[PDB]
Every structure is written in C-alpha cells, then in structure tokens.
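Quick setup: one chain, the form deposited without this ligand, written in structure tokens, and binding and motion questions come after.
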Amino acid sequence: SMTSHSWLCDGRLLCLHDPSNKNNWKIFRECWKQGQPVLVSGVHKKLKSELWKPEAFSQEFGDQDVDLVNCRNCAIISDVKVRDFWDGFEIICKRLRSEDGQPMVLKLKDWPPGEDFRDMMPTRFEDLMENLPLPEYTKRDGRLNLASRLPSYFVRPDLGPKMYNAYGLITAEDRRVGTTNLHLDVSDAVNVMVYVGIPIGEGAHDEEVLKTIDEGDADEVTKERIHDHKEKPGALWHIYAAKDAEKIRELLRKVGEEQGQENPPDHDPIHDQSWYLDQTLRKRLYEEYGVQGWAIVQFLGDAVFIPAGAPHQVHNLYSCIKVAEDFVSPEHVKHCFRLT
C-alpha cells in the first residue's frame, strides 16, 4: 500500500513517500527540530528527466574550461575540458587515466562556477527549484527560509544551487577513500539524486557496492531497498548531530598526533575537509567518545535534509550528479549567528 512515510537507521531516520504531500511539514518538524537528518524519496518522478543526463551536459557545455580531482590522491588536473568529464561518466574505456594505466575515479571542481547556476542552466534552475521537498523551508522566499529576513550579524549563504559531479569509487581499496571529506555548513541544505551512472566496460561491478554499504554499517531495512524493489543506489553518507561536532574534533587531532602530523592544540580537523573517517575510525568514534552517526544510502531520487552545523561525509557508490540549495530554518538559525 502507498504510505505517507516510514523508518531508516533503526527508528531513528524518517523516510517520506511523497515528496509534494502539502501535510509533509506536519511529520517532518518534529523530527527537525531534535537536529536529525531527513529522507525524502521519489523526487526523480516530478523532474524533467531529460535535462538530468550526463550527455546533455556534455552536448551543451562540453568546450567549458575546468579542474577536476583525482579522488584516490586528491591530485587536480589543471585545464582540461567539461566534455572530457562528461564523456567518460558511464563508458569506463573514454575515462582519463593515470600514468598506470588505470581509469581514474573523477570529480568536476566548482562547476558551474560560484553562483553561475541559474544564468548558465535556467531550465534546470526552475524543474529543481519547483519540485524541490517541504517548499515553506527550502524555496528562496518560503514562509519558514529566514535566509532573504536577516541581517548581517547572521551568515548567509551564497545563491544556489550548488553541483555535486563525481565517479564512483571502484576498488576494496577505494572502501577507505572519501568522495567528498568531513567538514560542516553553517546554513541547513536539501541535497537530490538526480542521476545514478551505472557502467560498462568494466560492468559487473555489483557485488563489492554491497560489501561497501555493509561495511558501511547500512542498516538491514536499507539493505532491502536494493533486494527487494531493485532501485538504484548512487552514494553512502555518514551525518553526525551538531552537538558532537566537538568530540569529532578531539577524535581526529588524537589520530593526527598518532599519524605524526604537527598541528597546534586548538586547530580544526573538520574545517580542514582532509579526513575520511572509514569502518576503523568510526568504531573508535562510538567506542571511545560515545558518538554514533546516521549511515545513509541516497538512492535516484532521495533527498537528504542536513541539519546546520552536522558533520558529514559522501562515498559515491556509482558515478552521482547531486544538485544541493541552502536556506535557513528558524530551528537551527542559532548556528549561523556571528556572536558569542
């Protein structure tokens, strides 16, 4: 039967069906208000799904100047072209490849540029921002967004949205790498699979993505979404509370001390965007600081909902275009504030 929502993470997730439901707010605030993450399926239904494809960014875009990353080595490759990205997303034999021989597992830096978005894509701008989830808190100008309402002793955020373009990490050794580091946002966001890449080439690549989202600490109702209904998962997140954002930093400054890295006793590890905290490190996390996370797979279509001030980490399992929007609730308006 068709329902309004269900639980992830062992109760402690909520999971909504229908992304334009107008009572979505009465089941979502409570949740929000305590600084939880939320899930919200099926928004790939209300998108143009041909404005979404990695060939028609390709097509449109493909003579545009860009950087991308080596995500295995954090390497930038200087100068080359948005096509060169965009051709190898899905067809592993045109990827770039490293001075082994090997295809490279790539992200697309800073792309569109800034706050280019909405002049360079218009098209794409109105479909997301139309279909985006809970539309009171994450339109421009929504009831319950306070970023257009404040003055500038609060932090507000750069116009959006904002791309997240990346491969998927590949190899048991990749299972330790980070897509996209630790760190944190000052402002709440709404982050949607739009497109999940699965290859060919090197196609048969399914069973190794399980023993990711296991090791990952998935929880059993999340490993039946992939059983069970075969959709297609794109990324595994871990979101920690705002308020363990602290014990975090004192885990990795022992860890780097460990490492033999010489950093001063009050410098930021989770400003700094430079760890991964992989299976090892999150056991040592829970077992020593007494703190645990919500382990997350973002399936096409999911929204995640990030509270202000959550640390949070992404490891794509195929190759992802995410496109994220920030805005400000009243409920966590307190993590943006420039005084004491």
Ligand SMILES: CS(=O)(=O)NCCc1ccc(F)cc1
Given for the second form:
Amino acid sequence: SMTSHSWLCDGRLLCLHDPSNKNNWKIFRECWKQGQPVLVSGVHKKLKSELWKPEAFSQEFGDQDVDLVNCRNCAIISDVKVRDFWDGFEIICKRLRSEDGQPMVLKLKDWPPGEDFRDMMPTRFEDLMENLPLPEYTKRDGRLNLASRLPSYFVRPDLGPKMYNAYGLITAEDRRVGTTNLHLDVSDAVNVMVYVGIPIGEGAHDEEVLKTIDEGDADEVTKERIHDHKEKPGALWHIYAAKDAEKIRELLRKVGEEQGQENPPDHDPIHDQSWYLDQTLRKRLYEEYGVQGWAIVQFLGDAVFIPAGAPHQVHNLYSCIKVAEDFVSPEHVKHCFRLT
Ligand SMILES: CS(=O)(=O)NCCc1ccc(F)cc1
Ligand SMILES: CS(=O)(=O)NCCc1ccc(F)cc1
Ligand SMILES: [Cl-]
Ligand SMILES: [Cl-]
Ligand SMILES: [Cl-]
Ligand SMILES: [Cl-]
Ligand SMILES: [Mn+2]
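Switching from the form deposited without this ligand: structure of the form deposited with this ligand bound?
Next comes the full complex, this chain leading.
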C-alpha cells in the first residue's frame, strides 16, 4: 500500500515517498531541525528522461575541453574532449586505459564549469528546478531559502545547480576509494540521482556491489530494496552530524601521524578533502571516538538532503549522473556566519 514515508537507518533517516506532496514539510521540518539528513524517493518519475541520458550529453557538448580525474590514484587527465568521458560511461570497451592496460574509473571535473549550468543547459535547468522536493527550502526564491536575503556577514552559495558525473568503482581494491572524499559545505544541499548506468563488457559485476553495500554498514531495509523491488543503486554515502566534525578531525590527525604525514597540530583534514573513511577507519571512529554516521544507498531518482556543516563522502557503485542545488535554511544558518 502507498504511504507518506518510512524510517530507515535504525529509525534515524526519514524517507519521503511522494516528491511533490504539498504536506511534506509537516514530516520533514522536525527531522531537519535536529540536524539529520533526509531522503526523498521518486524524483526520476517527475523528470523528462530524454534530457538526462549520457548519449545526449555527448552529442550536444562532446567538443568541449575538460579535465578528468583517475579515481584510483588521483592522477589528472588534462585538456581532453568531454566525449572521451561520455562515450565510455556505460560501455567498458570504449573507456580510456591506464598504463597497466585496464579500463579507468574516471570522474568528470567541474562540468558544466563554475556557475554556467543554466546558460549552457536551459531546458535541463527548468526540468530540475521545477521538480525539486521541499520547494520552499530548495528553489532560489523559496520562502525558507535565505540565500538571496543575507548580508555579507554570511557566506552565500554560488548560483547552481552543479552536475557530478563519474563511473562506478569496480574491484575489491576499489572498495577503499571515494568518488568524492570526506568534506563539508557551509550551505545546505539537495543532491538528485537523475541517471544510473549499469554496463556491458565486464558486465555481470553484481557480487562486488553487494559486498560493498554490506561492508558499508547499510541497514536491512535498504538491503531489501536491492533484492525485492529491483531498483538501480547508484552510490553509497556516509554522512556524519555537524556536531561530530571535530572528533573526526582528531581521528584523521592521529591516522595522518601514524602514516608519517608531517602536519601541524591544528591542520584541517576535512577541509583538505584528502581522506575516504574505509571500513577500518569507520570502525575506529565508532570504537575510539564514539561517533556513528548514516550509511545511505542513493538509488535512481533519490534526493539526498545534506545539512550544512555535516561531513560526508560518496562512493559510486555504478556510473552516476547527479545534480545538486545549494540553499540556506533558517534551521542551519549559524554554519555560514563569519563571526564567533
Ligand atoms: C597515456 S597513459 O595513461 O600513459 N596510457 C598508455 C597508453 C595506452 C594504454 C593502454 C592501451 F590499451 C593503449 C595505450
Ligand atoms: C549504520 S545505519 O544503518 O546508517 N544507522 C545509523 C543511524 C545513526 C546515525 C547517526 C548517529 F549519530 C547514530 C545512529
Ligand atoms: Cl546544526
Ligand atoms: Cl538544455
Ligand atoms: Cl516545502
Ligand atoms: Cl574528492
Ligand atoms: Mn558536498
């Protein structure tokens, strides 16, 4: 039977089921005020699916010059055509290869660049912005988005949205690598999964995805969406409460020292965006510092709401297209204030 919502992550994660319901705010706002992330399912059913295909991006924009990142070793591939990324998104035999002869796991850096999404892609901009959940919070001019209303005493987000495109991580060794390393943002954000590409070539790669979700500490209800409903899983997130950010800095300064890094005692390993918390480091955070987090699997059409100041990391299970909008809720405006 159809329901307004469910509770995931041992009752700590709200999952809203109807992305456009005019009553969603009544369920959302108490979870949000407590500094929790929120998930909203079903946004893909509201969008024009033809606008969000990898082959369309290659056809329309493929002669633009871009830089790529090799997710395995952080090497930068400079000044290549964006078609060289898009044409290997789902077809493994078309992917750029490393010196060892293997196909690379690539991330497309800063594309569209800076604030240019709306100018470059006006039909995509309209389709996303008109279908964002919790629109009083997430639209540029929503009544509960303070972004356009604050003075210079507050850090204001850039004009959005921003697109995040990267291949899926594949191997047992890849389990310890991030798509996006641990970091935080001083603004709130909503991140929508608009497309998931499950390949052919090395295709039949299902078992390493299940071990990644299990070892990732997914809850048993999330482990049912995999097996029961046959939805496409895109990415595994870990999110930590803003109140636990300094305890995470203390762990990563200790581990940096154990690994012979030579950092000053006040340096900021979260701002550096250089760490991915693997199973070993997540268990040490829990056991040695008493800090737990939310393990979230983002399926096609899921919107993840990330509270301002909350440390988070992302690991793609399959090839993903994500689109994110930043906003400034009144609940979390303290995190962007420039004094005290
Ligand atoms: C430019 S590179 O990143 O150093 N790679 C070496 C070139 C290559 C690697 C694998 C091939 F199947 C063909 C050529
Ligand atoms: C591993 S999980 O299935 O995501 N459940 C964790 C929920 C939780 C989140 C944050 C906390 F500070 C304490 C508990
Ligand atoms: Cl907060
Ligand atoms: Cl467009
Ligand atoms: Cl709303
Ligand atoms: Cl990163
Ligand atoms: Mn972020």
